[PDB]
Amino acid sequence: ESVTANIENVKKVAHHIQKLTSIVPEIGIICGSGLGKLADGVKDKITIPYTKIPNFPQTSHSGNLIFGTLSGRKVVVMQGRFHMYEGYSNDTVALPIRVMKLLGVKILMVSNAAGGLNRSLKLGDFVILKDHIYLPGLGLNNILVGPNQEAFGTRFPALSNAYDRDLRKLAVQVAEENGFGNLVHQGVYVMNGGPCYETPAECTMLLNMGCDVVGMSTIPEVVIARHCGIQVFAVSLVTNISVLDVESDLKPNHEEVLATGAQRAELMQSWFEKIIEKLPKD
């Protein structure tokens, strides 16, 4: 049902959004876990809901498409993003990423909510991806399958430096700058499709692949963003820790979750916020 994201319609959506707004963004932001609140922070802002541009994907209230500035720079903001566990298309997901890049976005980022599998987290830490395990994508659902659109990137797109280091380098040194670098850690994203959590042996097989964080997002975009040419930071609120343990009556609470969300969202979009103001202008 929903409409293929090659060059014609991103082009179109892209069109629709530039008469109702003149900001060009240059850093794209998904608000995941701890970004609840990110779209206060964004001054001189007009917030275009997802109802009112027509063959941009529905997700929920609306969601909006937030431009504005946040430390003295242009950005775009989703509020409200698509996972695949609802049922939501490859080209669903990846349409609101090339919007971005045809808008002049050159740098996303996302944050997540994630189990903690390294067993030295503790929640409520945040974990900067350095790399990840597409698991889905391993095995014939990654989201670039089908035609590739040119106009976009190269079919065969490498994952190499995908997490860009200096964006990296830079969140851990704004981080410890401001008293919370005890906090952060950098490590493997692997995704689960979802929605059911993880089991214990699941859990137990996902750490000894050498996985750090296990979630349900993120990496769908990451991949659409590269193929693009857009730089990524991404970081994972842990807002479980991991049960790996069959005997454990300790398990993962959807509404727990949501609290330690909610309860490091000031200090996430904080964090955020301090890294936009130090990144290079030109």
The other form holds:
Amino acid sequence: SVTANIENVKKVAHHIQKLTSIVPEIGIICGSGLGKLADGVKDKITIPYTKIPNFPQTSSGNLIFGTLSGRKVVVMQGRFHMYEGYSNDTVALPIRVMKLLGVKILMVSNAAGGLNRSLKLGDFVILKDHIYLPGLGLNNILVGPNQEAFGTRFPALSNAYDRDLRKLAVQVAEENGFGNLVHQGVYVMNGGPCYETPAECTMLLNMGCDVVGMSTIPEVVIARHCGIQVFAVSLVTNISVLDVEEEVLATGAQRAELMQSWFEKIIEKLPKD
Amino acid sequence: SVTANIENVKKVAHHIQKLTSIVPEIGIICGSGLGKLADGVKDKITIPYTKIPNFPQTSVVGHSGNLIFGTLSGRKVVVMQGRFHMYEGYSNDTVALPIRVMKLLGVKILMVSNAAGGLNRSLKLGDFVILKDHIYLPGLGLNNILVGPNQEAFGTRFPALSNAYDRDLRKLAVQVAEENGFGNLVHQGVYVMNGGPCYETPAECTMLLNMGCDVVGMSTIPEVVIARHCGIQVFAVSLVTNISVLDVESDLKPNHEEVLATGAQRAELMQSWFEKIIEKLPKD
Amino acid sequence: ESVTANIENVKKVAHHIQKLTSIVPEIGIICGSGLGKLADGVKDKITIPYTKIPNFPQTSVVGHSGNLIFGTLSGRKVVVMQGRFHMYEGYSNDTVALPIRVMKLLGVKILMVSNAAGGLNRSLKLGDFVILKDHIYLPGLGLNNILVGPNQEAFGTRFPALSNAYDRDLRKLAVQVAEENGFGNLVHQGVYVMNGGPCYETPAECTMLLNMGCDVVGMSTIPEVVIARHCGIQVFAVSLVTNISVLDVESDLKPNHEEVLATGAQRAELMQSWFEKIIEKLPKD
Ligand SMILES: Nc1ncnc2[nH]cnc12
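The form solved in complex with adenine (ADE) is what I want next, because the block you gave corresponds to the form solved without adenine (ADE); please supply it.
And the full complex, kicking off with our chain again.
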């Protein structure tokens, strides 16, 4: 792992800038099986991680540059999860690279378990807040010397999930007839990689959590630290079992396609400087 | 220290298999109250940890733990006399390795005891709490024993913990206690792990109780996670060695000495119980 | 890195300090929020930069090395830590623990600490004082307890109890002193929960912690307290409410570190007077 300090992050950024002339305004991270939720990318340039010195490596991932709905984007195909053993610096670096490349808004998707009992398989839950269990317990991604070039020692997490972006996302869903699928709620991070027990799920639900997953929050924290606005959404891929105690099942990719359309239509309506 | 991967785990298993002809069907981790069970193994072969190359080392004030092979109630067992607590600073791999070795040796069922504080107000000192579920506080906060590359040889990347405390074993254990006249001491409950090694404050105990926890301890969940990961069935019991203090204006404070005493006074009954459970475990 | 807080290393540090001063501290003080002035109040003193103590941990206050200050306060001998060690900075357990263990070897019997905290309890007002009567050590419950590792038997037992961690007699005295000196209305007692940090708590996190029965939240203190209790040092700790936690995600109010600092500095003279007046009333031989 290389330290995600300004000098290391600049070297990686400068290197990418030799490989593409596209200056992204929007960063997109697609979650576990949510790829292509960003690949109507027009006039694209594809940069494999292996091509970028000091950029983290997947256990084949790509950085994809291009235009979506008239706007310049960079899409991370392949994310870094704390349960895999990646360091704080490894996970922070891509987001800080995004900042140096010009990203102003980060759009994140993930798959999550539905804790809230009103949730259905296939629902979208826009994150309006989070509970960073690892961070409260001394594994916050910002532990260590503060990189001052990027942000302040004690970032506030007020309006972490930009309310104006959430409003827009909801309006876009409604306008395109899938508003009934969209909720807003609190995402809690389980460091993982075990799925949550019923007692764990009950505790988390009672803590005020709506969905649970193993990712996203660390990226959000780094984004907010360096002043990137954040939009994040969970796809509810399963309903959490709350108490201890064999059919033909379809597992299609329609929701993935829907989410892709959703992100494209949001980007279409984002403000542009 | 030594990675709990297939190569290293097989090397250890093979060393052990050179030292005994006993192929264990049941593994037992001796925690609080199981001291006499360990010493009552029939036709036992004792293998000190120090004698097993690459097997993690742990001592009780200097004396190495042992693997003990033999029979209990006519079934082949391996008993771990000497466990590995995370509060001692042992690595994820060090704690996982013995369990994965048990898997390769042939273990199908893991039985474990521990000492716990009683949060649930109905519990009495010396009660037995069969774990029916757990809350793995270190695991939720990025100190899960499986963090790191998954060892595919042993199990899947994201293990489900749905029926982690096998419902059939729990049923049997209750039945045996009931049949033998001590059903009144047996409960089932949710165990929450405190990394430790501090005892819980009253504010911590109040929070844990209100989270839905019945007992709190500093061990066991990591082993259970590794066991479930590699498909070993689990039976675990907490011995209530302290009644959790929930009021800060109290002068009663937990001490490991009385914890040891409770373990000592209940060891005979717990041994009887485990022996009688093992006798009735399915498939013999 | 780095230096183990075991008896050998702690003895070396203490013996070095003892070559610099003959003052035998009975009270140790960790300057947190509101105690910025305390160093200046200590009389007949010697100031020892951390940089001048071999194998002592290093940290900066303002733009200079932290200091260990020895002298007299309210007629009692004290050692003051000017510059503290926060886990969110990346310091090790041994680093945080060593100074407390050094205090023990120097003769310290009582540790007084202040810190800045967010007010979760809804009856709290900005600038209030919340004496800690108990805590919830989230990092500790989640396997980041400062004592994780081999137990150092010279200092304490493997499984410390945290009963009466916040000495009830010191808490009683502190309340009495505030009452007598006309600021009893600023003083509460409560449960402190540690957020590892360095992020301020989200509204959802604040709501969770409040419902867990926490009154204030901060990023320090508990690890030092655990080390003090382990080695038998009596503890008095107070949170200055430097921000009122935002529980509502649709609120425009937010914690601001400049304001946190201002709130702490504003209360500093009163906090210091309070500590000085508690020390004056402590029993002594
Ligand atoms: N229920 C769940 N818990 C944690 N991570 C998840 N990812 C998808 N579903 C999940």
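Note that the rigid core is defined as the largest set of C-alphas that superpose within 1.5 Å between two forms. Residue numbers count along the first chain shown, from 1.
The residue among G34, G215, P220, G28 whose Cα moves by 2 angstroms or more between the two forms, once the core is superposed, is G34.
Once both forms are overlaid on the rigid core, the distance between the two CA positions of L267 between the two forms is under 2 angstroms.
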